[PDB]
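The form solved without this ligand is given below as one chain in structure tokens.
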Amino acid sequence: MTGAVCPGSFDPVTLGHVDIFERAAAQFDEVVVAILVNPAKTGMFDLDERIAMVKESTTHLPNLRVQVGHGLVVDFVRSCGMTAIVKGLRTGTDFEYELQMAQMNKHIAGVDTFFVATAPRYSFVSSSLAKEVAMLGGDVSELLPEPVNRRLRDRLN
């Protein structure tokens, strides 16, 4: 009956993301994780890998499903039969830009956006910083799900 979409590029999914997925799943009947296609083909992990990593990291959430997103997030949301987006806040989130998009999204499609602060212990990880630190030899394994750590280790090896 109720449903939320959690959109992002998830390249790769972090435990900050999983924290938000868990909170959405506890508060909405259904959650869809929408993985957005990388535009100018510039990510670390390809689409199939990103899907697998999210799936493997959310087996404990039976009301959550993973789908590839295309086009405007709001079009995806309304195609899911939902009218809510749930987005996490962390240290370094461009909140003003998130607010601009939220207001635009409301304006064009009537879709609401609910923001929720990620757990403090996961509040400083982002996909980009995690990748950059890992590529330079740093240990971010406590900030990422094990399905991601396995793949990250493989690529770096």
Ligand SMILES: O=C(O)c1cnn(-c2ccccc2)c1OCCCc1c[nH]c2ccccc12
Second form
6 protein chains.
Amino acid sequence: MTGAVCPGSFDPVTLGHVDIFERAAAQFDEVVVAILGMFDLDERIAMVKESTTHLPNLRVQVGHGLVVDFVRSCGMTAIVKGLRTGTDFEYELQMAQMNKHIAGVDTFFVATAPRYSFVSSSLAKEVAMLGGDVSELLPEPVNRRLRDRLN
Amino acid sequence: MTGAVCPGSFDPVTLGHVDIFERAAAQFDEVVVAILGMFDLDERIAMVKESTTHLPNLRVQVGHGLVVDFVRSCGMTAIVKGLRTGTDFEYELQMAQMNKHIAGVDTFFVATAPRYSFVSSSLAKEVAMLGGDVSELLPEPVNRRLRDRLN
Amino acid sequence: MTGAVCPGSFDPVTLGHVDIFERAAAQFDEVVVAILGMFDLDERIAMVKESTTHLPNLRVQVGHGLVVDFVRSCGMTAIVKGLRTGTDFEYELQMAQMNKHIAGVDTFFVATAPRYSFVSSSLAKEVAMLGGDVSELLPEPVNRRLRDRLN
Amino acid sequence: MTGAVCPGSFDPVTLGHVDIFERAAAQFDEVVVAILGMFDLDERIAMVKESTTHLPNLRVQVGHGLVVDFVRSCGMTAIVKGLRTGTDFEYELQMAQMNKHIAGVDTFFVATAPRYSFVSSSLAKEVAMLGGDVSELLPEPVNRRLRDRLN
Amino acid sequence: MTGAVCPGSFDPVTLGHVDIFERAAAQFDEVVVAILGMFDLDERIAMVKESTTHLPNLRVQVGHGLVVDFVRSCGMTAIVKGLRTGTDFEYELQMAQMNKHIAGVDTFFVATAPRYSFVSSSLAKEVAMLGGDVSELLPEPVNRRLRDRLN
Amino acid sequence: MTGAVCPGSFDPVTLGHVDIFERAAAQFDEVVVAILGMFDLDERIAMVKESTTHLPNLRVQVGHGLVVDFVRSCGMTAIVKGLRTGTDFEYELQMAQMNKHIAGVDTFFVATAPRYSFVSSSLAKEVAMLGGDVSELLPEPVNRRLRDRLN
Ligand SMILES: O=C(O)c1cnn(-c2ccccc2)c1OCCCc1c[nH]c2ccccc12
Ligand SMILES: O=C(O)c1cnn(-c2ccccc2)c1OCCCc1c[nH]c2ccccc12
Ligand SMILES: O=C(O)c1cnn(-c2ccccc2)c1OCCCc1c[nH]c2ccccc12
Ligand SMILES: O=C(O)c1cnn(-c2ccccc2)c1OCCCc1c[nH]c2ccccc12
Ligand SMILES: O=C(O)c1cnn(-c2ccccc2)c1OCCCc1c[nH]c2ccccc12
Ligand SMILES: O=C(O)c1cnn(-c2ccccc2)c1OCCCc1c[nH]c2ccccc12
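Now show the form solved in complex with this ligand, given that the preceding structure was the form solved without this ligand.
Every component of the complex follows; first up is the chain already shown.
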């Protein structure tokens, strides 16, 4: 049995994140989205859940402390995340090698879909709160809350 | 059922490659090493086989044409390869997105072990043929053939 | 009066190139595509011409020697090209600074459209000639010739 | 009619910035320097104005909110900025593609002059306030204020 | 007579730092570790001293202000530091060229040992304080204090 | 006693190379320029010699095989080279770590002078042979031979 943990702050979750969730869900038996700010923990969870109803083998859970302890305790087998740029890679390479060193846990990376390469939660927030239309970059459950939260 | 294809020229296979094979073999049901020069096809195959006897769910096969056609025809589910540097990533990102575009096939990357980050088949060859000791960087089945081939 | 030269081998021209042509044509009075292999010079020209009929202020011309001499002789005012990655940038930065040094000619770069970030003429060719469908990445005038050329 | 907006914090403006202003002013009908800390808004403006008296088609203006809204409202046609490194490019590539997505506004980049590649406002400030001579990196109107401000 | 200054915050010093100290000590007559937070200045000094007893030509000293003023005042001849990634290089390249500009002081870089490429003081701290075993990445004098400090 | 070897093809030597020679010569007792095409070996040597008459502790020598064997045999203590970009660094990092692995020989890097960051022997040649004035980028002994060689 295999299991991928996808860790992050998801504040908020983007269509880029969901694309990675979908791609991890097709290769692993279970996916756990581990949520480690604009939105509360509770809202971040609902946003992820409402955006992933089409993924029966995925669940969302709050995480505390080292991602590797989360992986080992819950019997998962790998960490999975997306990479957009060579700069993403150098940063994530450090964390992955450190995680391999301390716990023997492997990290698998997948390349962003080209259409979401420029998306970050932080940029989407900064733009959305200034009137920019980032609706095509985020799941509708997130768009709802941004519209409300900003009215 | 899941399956990872690890494609490359493997001329020759290195301990870095084997590390990736091992890590793919722990997450996927089968691994196929697809061999796409210093050594003949036949020798490259034996070198890979002799270096992976400890991996029962791995097999070696010659590949022709697009890696994605190999993946789809044989019912495999993903391409897996290692990345050493941000420059590896930018090059492999192009191929991965192109492969996703033409065939819907996903590529999962894993970070090199730190001790092999500077290893390439080409550099190992150029150095070995000049008297440099690269034996700690390559499997013993490869070292044997380099010693012979160079006597 | 302003003029941008867009230099390259265009073997063949891609939808990524055309996107840059369009964006240069909106800021400059004239655009000259300077064509500096799979296709003949004559075919490369027709492919560019047939792909740019919607750009009245753009023309195609064969180029020989330094791009800066082409710019100065024909009274153009800048070189314009696209960038996909940080690695594109470092290479093109060298040429741009050298061109500024020898001739005082400035180069303006524009970021690729995200959907074409992984496109190169060379990769498109290698894939197309192996049966891969790259038709969505190239103008129809190019697709025609690839289909013919490969039948 | 064409117009380039050059946005930034300009705290303070450097000779690198001025070089880009000059190069934008030669290709566009108007340039607007949009000023979006060590110096007040008022001082930043004077410093830019006093450093650009030789550019009749350039004006300085305070900016609020999205740069793209500034461009569209004032009938400008492009954003123009400098790039020093591949790392500058990856960061600015994200903003440029986001700006293209939300507003259709294009960004043109120009490579730094080699002599200013290591210049940043932040590094110049940190060094100047410690006695280092950064006078050759900044316009005299800025040097005046640094000398005063630091006496 | 030659002298290398190795500047940094060393909070705490790592085995990666010590490797660089050793390599600088073999090429220069003297090495000065200049200490410019988790640990006090006093503790940082002891940790460096206790970790370098095997280097008779190395001494540790607190630094204030520009590293170049430290180098010139004490008659040293160069700054020496390690680089892990291309991103380290671009950042350190800026500081090195600025230091050359203001004071004529040269900086020599050495590549990290592969086994420490993923090590940073900040990552080691964050992990150690969460129960992760980073003991193989740090000198025993540092490990002692982390164990104490965290009991 | 210390000694730096500066290895390369020097076809031809540039002002960027000479800047590095000068900076190595100020920190090491001897510098050996090891010459490992447009110009003959004999001419490359004369060009380097004529360009370095102001460096009494520098000599030029032809090199064969591994640079590390050259260093060890002649009792030198380090390899020294310049770096222009993060991409230079990633490539040279591989060679440096391989050289450390096989022979224990360390490599020290120095950052290019900003004014020569875009200079390469290959680009200078391609441009010079097309009429471009690269004379300010190369030593006069090289300029002489390019003028002759191209008349
Ligand atoms: O960094 C962000 O805020 C942010 C928001 N969306 N995307 C994204 C954009 C395009 C594609 C995939 C995501 C981002 O890029 C960071 C990717 C790093 C990452 C960390 N944890 C993850 C878990 C799942 C997937 C990715 C990650
Ligand atoms: O490029 C090479 O010649 C070469 C030789 N060994 N290693 C290596 C060094 C360290 C770690 C993993 C490999 C290399 O790096 C390239 C990694 C790209 C790659 C392409 N196909 C693959 C299949 C399996 C694993 C990796 C790849
Ligand atoms: O390098 C290639 O073969 C190739 C084919 N298509 N694209 C592309 C992909 C996405 C976006 C814009 C182009 C490529 O990327 C290289 C971009 C460098 C460039 C040089 N000359 C140019 C003239 C106009 C536009 C770009 C360039
Ligand atoms: O980042 C800085 O503080 C800073 C100060 N000077 N220079 C500079 C150094 C060399 C060359 C051109 C500028 C900097 O580099 C950042 C370049 C990004 C940029 C953003 N907005 C701009 C508007 C006009 C021009 C550039 C920019
Ligand atoms: O950045 C850190 O916190 C940190 C902790 N250990 N290492 C390291 C990891 C591997 C190898 C050499 C160091 C780090 O990498 C930063 C290297 C930059 C550097 C600045 N000053 C220095 C003085 C001596 C040596 C290096 C530096
Ligand atoms: O690569 C080239 O052809 C080339 C020509 N000049 N410069 C240069 C440009 C700016 C600054 C220092 C050199 C080049 O950059 C490559 C630098 C790599 C290098 C290898 N061996 C060396 C020996 C001494 C110094 C450098 C090197």
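Positions refer to the first chain, counted from 1. Just so we're on the same page, rigid core means the largest C-alpha set that superposes within 1.5 Å between forms.
Chemist: Of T59, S128, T91, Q27, which one's CA moves 2 Å or more between the two forms, core aligned?
Modeler: After core superposition, the single residue displaced by 2 Å or more is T91.
Chemist: Report, to one decimal in Å, how far the Cα of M82 moves between the two forms once the rigid core is superposed.
Modeler: That residue's C-alpha is offset by 1.5 Å.
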